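Residues per chain, in single letters:
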Amino acid sequence: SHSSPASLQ
Amino acid sequence: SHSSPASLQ
Amino acid sequence: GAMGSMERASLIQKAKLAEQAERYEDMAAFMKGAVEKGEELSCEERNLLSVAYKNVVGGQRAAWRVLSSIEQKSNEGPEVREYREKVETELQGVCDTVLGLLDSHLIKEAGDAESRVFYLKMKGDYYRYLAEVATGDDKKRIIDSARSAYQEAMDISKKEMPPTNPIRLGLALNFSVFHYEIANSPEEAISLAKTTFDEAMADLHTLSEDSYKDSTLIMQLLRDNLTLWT
Amino acid sequence: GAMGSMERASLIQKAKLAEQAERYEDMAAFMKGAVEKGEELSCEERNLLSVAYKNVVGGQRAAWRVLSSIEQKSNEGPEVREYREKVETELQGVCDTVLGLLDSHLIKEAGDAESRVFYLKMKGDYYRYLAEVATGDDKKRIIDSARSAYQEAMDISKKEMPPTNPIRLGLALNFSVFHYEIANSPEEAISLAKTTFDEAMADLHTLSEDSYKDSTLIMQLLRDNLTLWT
Ligand SMILES: Cc1cccc(C)c1N(C(=O)CN)C(C)C
Ligand SMILES: Cc1cccc(C)c1N(C(=O)CN)C(C)C
Ligand SMILES: [Cl-]
Ligand SMILES: [Cl-]
Ligand SMILES: [Mg+2]
Ligand SMILES: [Mg+2]
Ligand SMILES: [Mg+2]
Ligand SMILES: [Mg+2]
Ligand SMILES: [Mg+2]
Ligand SMILES: [Mg+2]
Numbered sequence: 001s002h003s004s005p006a007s008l009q
Numbered sequence: 001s002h003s004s005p006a007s008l009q
Numbered sequence: 001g002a003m004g005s006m007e008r009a010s011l012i013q014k015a016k017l018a019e020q021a022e023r024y025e026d027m028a029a030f031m032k033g034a035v036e037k038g039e040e041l042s043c044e045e046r047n048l049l050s051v052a053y054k055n056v057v058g059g060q061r062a063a064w065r066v067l068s069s070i071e072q073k074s075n076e077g078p079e080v081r082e083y084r085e086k087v088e089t090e091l092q093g094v095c096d097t098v099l100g101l102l103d104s105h106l107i108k109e110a111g112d113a114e115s116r117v118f119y120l121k122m123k124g125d126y127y128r129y130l131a132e133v134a135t136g137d138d139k140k141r142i143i144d145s146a147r148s149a150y151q152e153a154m155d156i157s158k159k160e161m162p163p164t165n166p167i168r169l170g171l172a173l174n175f176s177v178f179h180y181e182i183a184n185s186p187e188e189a190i191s192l193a194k195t196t197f198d199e200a201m202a203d204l205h206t207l208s209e210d211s212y213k214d215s216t217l218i219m220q221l222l223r224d225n226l227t228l229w230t
Numbered sequence: 001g002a003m004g005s006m007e008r009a010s011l012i013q014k015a016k017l018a019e020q021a022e023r024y025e026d027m028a029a030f031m032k033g034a035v036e037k038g039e040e041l042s043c044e045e046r047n048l049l050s051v052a053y054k055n056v057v058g059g060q061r062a063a064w065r066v067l068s069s070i071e072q073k074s075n076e077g078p079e080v081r082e083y084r085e086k087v088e089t090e091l092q093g094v095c096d097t098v099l100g101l102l103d104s105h106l107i108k109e110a111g112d113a114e115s116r117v118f119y120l121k122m123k124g125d126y127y128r129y130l131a132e133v134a135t136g137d138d139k140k141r142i143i144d145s146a147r148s149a150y151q152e153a154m155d156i157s158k159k160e161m162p163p164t165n166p167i168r169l170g171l172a173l174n175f176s177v178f179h180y181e182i183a184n185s186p187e188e189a190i191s192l193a194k195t196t197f198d199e200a201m202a203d204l205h206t207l208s209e210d211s212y213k214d215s216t217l218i219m220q221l222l223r224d225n226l227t228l229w230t
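Protein chains in written order, with this note's numbering: chain A, 1 to 9; chain B, 1 to 9; chain C, 1 to 230; chain D, 1 to 230.
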């Protein structure tokens, strides 16, 4: 499964 | 420039 | 720590250089040093902290999975188990380090929704990484620590952030992955991803082109998971 | 060393596991431990040693180049120089470690052409990596150490190995790169690559299909360089 990028605006 | 692979036969 | 003598601003500058150089262990050590100066982190600095440790633990997770797979095949000398244990222990140490930074004292000083949700999501994430390798007496307690952190973050994000907020979206994405991969709750995972996606879709019209690009990037990850899961 | 208590065979087994896991720092530490047992290395073990350290130093070289480029632009605070120096010092330490293993006592115990040429080539390689970052009082002496090691390896390889031997070819390839990139001798580089390629081409007819695949792979690298250089 895909999880979130580290960098989030 | 390309150099040699590490593994050589 | 070995970074105690370096200026905060220099540590941040070097974290950015390390990122450019793809030196993520260095990047993490620099950002740990910056956190330990005791001042709150800006949005950009929180992202640097997350990028650094996500890349470090990501390499350890990939290695652990390779070795675990070899080990499970071998069970269809002690060296495979020993080396898997070595990587596992190093991974656990990185997760413990991040969790320690969040507990001392990033979370308690984070009052704004963006910072508090970002850090609580991180706490869920690194308990989730611990859960991936856990196997006895404490796997259940690690899972519930991840769940508790994610849940507090979700509650704040739903009250304080719009449905397209990238932090809110990335949180929901990772909590849905927690449900599917860790908590044996694929239906909860699917429901959360669906509701999150649809509520974000209905709020896109409020966004600038640049915000729309940020939000839709994470929405596509939700969709990719739903496609994998259904 | 920290590997002194582990069996030689276990160190080799774990080096192979580390390679599968893309844990090249671990792989290098395991192979350093194996070397330090004091027994000569087999062909497969020499290749593991080379793979491990080539990957470690390769990451450091890529990082050093990123940082050096940033530093040179900044010269068109001290942090960029400091961090470039940090990576540079770590790189030099890895090269010194490899050179120390070759000197204590891999080279002196290597009597067969394949082992002796492999190790002398490695000695040239890691002096070449030192040369890439050297800048004063010792750059010339480092360059001549690389040249001397490569030259001894070349002399043995031409007397004792066929022109298609992959070790001989990889040696000639790297010595030609030394000439072009380090010694400011592009014509020597081109001449060596051309003669090496043509002499190997004329010997391919003696090879099995599998040997032909090994040799032609390195010949293509010689050709790629000639295409870049002319
Ligand atoms: C807005 C959006 C969010 C998540 C995924 C996608 C592909 C989209 N788009 C759609 O039109 C979905 N109906 C755009 C980008 C074309
Ligand atoms: C044998 C060889 C060595 C180095 C590069 C190449 C492309 C080749 N070949 C040639 O025929 C070159 N004339 C084969 C593989 C087709
Ligand atoms: Cl181990
Ligand atoms: Cl530094
Ligand atoms: Mg200060
Ligand atoms: Mg364990
Ligand atoms: Mg159902
Ligand atoms: Mg023994
Ligand atoms: Mg220096
Ligand atoms: Mg000319």
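Source of the hints: derived by calculation from the structure; they are not laboratory data.
Hints are not guaranteed to be accurate.
Once the Cα atoms are required to be at most 30 Å apart in a straight line, the calculated DSS-like pairs of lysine-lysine come out as [what the hints assert, rightly or not]:
no., chain 1, residue 1, chain 2, residue 2
1, D, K213, C, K86
2, D, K139, D, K108
3, D, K86, C, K16
4, C, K73, C, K108
5, D, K213, D, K158
6, D, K140, D, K213
7, D, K16, C, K86
8, C, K16, D, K16
### Query
Can you list which hints this structure breaks, lowest number first?
1, 4, 6, 8
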